[PDB]
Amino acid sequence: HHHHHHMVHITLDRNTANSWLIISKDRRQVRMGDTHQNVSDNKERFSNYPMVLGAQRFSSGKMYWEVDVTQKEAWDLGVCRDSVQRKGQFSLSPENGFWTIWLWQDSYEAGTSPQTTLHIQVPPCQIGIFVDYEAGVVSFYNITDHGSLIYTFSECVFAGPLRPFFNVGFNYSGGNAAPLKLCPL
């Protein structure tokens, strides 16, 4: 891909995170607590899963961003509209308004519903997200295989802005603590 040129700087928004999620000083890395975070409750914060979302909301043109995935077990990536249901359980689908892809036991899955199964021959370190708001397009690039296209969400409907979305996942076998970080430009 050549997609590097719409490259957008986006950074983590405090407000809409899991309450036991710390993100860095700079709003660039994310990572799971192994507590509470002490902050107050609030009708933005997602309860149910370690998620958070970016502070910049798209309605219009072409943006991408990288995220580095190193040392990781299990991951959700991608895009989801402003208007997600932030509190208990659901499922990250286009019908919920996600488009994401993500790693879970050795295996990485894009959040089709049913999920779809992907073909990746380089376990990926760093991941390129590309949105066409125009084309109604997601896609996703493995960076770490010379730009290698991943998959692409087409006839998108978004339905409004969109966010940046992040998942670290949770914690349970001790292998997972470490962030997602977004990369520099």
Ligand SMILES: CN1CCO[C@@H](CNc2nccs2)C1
Given for the second form:
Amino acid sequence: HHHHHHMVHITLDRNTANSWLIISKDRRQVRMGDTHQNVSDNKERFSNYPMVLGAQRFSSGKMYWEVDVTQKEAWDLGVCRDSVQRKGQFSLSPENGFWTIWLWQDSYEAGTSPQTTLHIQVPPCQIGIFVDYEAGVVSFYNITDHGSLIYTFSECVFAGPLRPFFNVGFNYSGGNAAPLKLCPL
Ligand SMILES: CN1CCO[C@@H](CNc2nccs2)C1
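Could I have the structure of this protein in the form solved in complex with this ligand, to go alongside the form deposited without this ligand above?
Below is the entire complex, every chain and molecule, led by the chain shown above.
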């Protein structure tokens, strides 16, 4: 792929984070803490899952960024509508305003409804995410495997401004503590 020149500098929005997340000073890394992080509650915070949004909002154009997922067992990545539900239980689907992929239990899947099996021969350490707002496309690339395509959502009905979306996953196993990191341009 030749999407690298649409690179955008993404930072995480603390106010949207689940109350157990720890975001670095530079707002470029996030990990699951072992307890509540001593923040006040607000209507933006994801309550049920270890999720956070990027600060940036996109309503046009082409955007690209990269995320490091090294040594994680579970995570979700992609984009979502600014108006997604924050409280209670929900599934990651385009009907609910999410365009995502994930790792869970040693398999990769796209967040369609129902979910779609991904075919990845080289487990990725860094994921590239490309959004073409006008075309209605969200694509995912395997940076570890020379940029190979993982998945394309096409005919997307965004229906609002988009935000970068992250889930660091739970750490019930003790093997999923590692952070998500936004990689330098
Ligand atoms: C009372 N419910 C409502 C909120 O989510 C449920 C568990 N989820 C999380 N706990 C830690 C961080 S995310 C507990």
